[PDB]
Amino acid sequence: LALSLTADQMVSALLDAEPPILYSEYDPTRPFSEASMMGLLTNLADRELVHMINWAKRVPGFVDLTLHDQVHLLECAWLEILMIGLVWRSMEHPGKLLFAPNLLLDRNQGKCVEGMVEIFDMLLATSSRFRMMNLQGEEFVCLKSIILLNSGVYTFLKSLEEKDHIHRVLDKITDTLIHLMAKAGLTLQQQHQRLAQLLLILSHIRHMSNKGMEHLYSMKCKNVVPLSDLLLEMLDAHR
Amino acid sequence: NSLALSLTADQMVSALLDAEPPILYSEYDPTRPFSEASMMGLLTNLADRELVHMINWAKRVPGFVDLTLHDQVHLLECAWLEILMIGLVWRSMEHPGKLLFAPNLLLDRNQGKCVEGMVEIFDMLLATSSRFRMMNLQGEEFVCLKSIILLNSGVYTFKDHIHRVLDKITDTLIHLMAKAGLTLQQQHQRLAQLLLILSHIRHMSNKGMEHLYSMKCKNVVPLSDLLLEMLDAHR
Amino acid sequence: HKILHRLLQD
Amino acid sequence: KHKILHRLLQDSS
Ligand SMILES: OCC[C@H]1CCCC(=C(c2ccc(O)cc2)c2ccc(O)cc2)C1
Ligand SMILES: OCC[C@H]1CCCC(=C(c2ccc(O)cc2)c2ccc(O)cc2)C1
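Protein chains in written order, with PDB author numbering: chain B, 306 to 462, 467 to 548; chain A, 304 to 461, 472 to 548; chain D, 687 to 696; chain C, 686 to 698.
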């Protein structure tokens with residue numbers, strides 16, 4: 306079914322599948338601490354994961370995979386996906402990260418948590434890049450779906470037409486990106502250049518997820534914030 | 304104004320090919336098998352010598368010379384292990400199941416088990432090499448990808474010049490694919506496929522960097538001062 | 687039968 | 686600060 310989709314149908318399917326923007330439990334009267342900020346981000350991320358799981362099922366081609374393959378891809382990509390979502394929501398808020406509509410943090414507040422500001426800075430820079438590029442919503446949902454299908458595709462462990474299927478869906482999403490750009494009036498040259506610009510950001514998003522995962526692990530060890538059962542299992546998947 | 308923007312695609316390909324670093328050898332001692340200390344010793348000594356040539360290479364990547372020393376340093380500090388790894392993967396392409404660290408240092412995954420926690424990284428490297436092999440990656444495509452890593456990996460952690478050069482390298486990759494007879498659709502699909510692999514190379518570099526730090530702390534191998542400095546850049 | 691697996695099934 | 690990388694880049698051949 307996924308491969309029988311036209312570019313427009315691919316875009317309409319991805320747009321419709323978009324998860325809602327969740328609120329945090331941020332009480333603006335409560336003075337921040339390292340514990341409460343980590344508590345807020347963890348609480349938010351945990352609720353977002355449930356929506357992410359049901360989102361992934363609506364990504365064309367994803368449910369064609371075995372359940373074990375689905376589990377692997379989400380284990381690999383979950384923080385990348387949270388982070389690109391975060392960067393996207395923050396585009397029109399220079400110097401701030403919109404974790405939720407009621408939780409807009411700047412780098413100064415990031416320093417509430419030891420070692421987090423460096424990651425805030427990288428996220429802010431990615432948001433800046435999106436803004437400079439004038440990233441469109443249609444391009445964003447393509448990119449987020451690319452992350453889901455790509456990030457774990459070389460760490461699976467017979468079949469392999471399952472991986473070949475993933476690569477064909479990936480190609481269809483490339484087709485879709487180019488289609489969006491051609492429709493926006495970009496020349497062929499401009500189309501390939503923008504495609505490259507967008508996919509190269511995914512390297513930086515991988516980097517931030519890697520650094521983020523290490524930081525998260527140090528938080529679990531230091532008993533700063535109790536992670537949720539799901540988050541614990543998603544974190545343990547990287548070790 | 305930078306001279307790099309004036310280059311044609313063919314000129315870009317030529318310049319990058321001519322810039323390629325040499326293939327270095329490891330020590331000729333045939334004592335087997337490797338201990339954890341012996342293995343990490345050989346990989347470290349090789350990487351240290353490769354790094355010197357990598358700098359010469361970087362200085363000959365069109366556009367790199369136009370950068371301030373500070374910016375050159377930042378890009379290399381960010382990307383150095385990615386660049387060693389894409390080179391490793393490229394050298395191993397025609398050796399399924401093996402990593403050609405050097406012509407006299409061809410290793411399989413079982414020899415990755417010689418060092419605690421390295422076989423996982425070996426496996427990723429092998430998977431990447433296998434991917435390049437199945438894609439029939441061409442030398443001309445490889446040097447483009449490697450230059451892209453150099454310019455891109457650190458560019459979000461500092472500008473326009475670098476992105477214009479990156480754009481020129483995209484143009485070059487497309488030109489290569491058109492020249493190979495790919496349809497326009499096949500061209501953009503292949504471009505995507507290659508650039509997505511860079512995300513995996515980033516992952517491997519990050520995993521590798523933690524493994525190295527872990528090895529530094531455990532004092533398994535004396536790292537060279539240069540390597541210490543490249544490692545220290547990742548904090 | 688980890689949580690993610692179950693939710694993917696649910 | 687002194688970096689080996691500084692020397693290598695400046696003396697690149
Ligand atoms: O502590 C690790 C670094 C931190 C940096 C900002 C982004 C990020 C988040 C995060 C990112 C995006 C998002 O919508 C919601 C949450 C986080 C995820 C899970 C947690 O248990 C805690 C935080 C990770
Ligand atoms: O110990 C880190 C894991 C290891 C996995 C294989 C690739 C890699 C290498 C490596 C990679 C490519 C290469 O041509 C030469 C060397 C390494 C780099 C510096 C060192 O001091 C030690 C090794 C990192």
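Treat the hints loosely; a few may be bogus.
[Stated by the list, open to error] Within a straight-line C-alpha distance of at most 27 Å, the following computed DSSO-like cross-link-like pairs (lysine-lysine) qualify:
hint	chain 1	residue 1	chain 2	residue 2
1	A	401	B	467
2	A	520	A	531
3	A	401	B	529
4	C	688	A	401
5	A	520	C	688
6	B	531	A	416
7	A	401	B	472
8	C	688	A	416
9	A	472	B	520
10	B	520	A	416
11	A	520	B	520
12	B	529	A	472
Simulated from the structure, these hints should not be mistaken for laboratory data.
The hints, checked one at a time:
{"no.": "1", "hint": "A/401 / B/467", "result": "20 Å, holds"}
{"no.": "2", "hint": "A/520 / A/531", "result": "17 Å, holds"}
{"no.": "3", "hint": "A/401 / B/529", "result": "37 Å, violated"}
{"no.": "4", "hint": "C/688 / A/401", "result": "35 Å, violated"}
{"no.": "5", "hint": "A/520 / C/688", "result": "25 Å, holds"}
{"no.": "6", "hint": "B/531 / A/416", "result": "30 Å, violated"}
{"no.": "7", "hint": "A/401 / B/472", "result": "22 Å, holds"}
{"no.": "8", "hint": "C/688 / A/416", "result": "34 Å, violated"}
{"no.": "9", "hint": "A/472 / B/520", "result": "23 Å, holds"}
{"no.": "10", "hint": "B/520 / A/416", "result": "25 Å, holds"}
{"no.": "11", "hint": "A/520 / B/520", "result": "10 Å, holds"}
{"no.": "12", "hint": "B/529 / A/472", "result": "37 Å, violated"}
Checked against the numbered hints above, the structure breaks hints 3, 4, 6, 8 and 12 and satisfies the rest.
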